[PDB]
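Only one chain comes next, encoded as structure tokens, the form deposited in one PDB entry.
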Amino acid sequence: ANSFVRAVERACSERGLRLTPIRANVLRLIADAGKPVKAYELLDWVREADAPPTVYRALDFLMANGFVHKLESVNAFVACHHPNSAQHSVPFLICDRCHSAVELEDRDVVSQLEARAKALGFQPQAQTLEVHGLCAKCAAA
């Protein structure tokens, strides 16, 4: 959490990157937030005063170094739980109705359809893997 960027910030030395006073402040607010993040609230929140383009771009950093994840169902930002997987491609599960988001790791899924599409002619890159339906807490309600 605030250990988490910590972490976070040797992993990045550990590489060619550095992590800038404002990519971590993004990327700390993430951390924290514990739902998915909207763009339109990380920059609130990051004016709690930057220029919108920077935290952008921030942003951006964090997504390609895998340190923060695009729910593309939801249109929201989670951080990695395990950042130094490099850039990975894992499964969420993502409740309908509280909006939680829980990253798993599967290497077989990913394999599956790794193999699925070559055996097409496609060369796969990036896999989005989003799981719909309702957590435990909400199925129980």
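Positions refer to the first chain, counted from 1. The term rigid core refers to the maximal set of C-alpha atoms that superpose within 1.5 Å between the two forms. What changes on going to the form deposited in another entry:
- For the listed set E72, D60, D106, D32, the sole C-alpha moving 2 Å or more between these two forms on a rigid core superposition is that of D106.
- Once both forms are fitted on their core, the CA shift for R18 between these two forms remains under 2 Å.
- Core-superposed comparison between these two forms: the Cα of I94 travels 2 Å or more.
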Given for the second form:
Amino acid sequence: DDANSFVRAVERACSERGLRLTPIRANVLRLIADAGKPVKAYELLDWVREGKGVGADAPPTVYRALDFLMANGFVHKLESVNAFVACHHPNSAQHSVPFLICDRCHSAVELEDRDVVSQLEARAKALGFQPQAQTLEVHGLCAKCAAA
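If the one shown is the form deposited in one PDB entry, what is the structure of the form deposited in another entry?
What follows is just the one chain, with no partners and no other molecules.
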């Protein structure tokens, strides 16, 4: 229900935004949702292929589906560990620390300064948000994308 909660929020978001979930995009979304942990690009391709030997999606098609999710902010690249993670959503605890994500490149870094976060979360609760129903995200621009 963790994974179903993620799929439902992205489907709801796509409906609202005018985005289209083709079959591969829904397939990839489901595999990422059912992982519940960061995913390597090679694991996603293996999983997509596990269905049919010959009738499998070509790798570029699989990775364009992953880029679609990243570009729309449903998935980030945790470059810490060279893997892909679902956006924060109304999910469980025990792996929830805010993400800092770049607008252009969709890499994420985890904000691990407990008192900066705690202050940020306090400000947001006072201002009408629920930092514990959904872990916050900070969105900005990385130094590397800023250089161009």
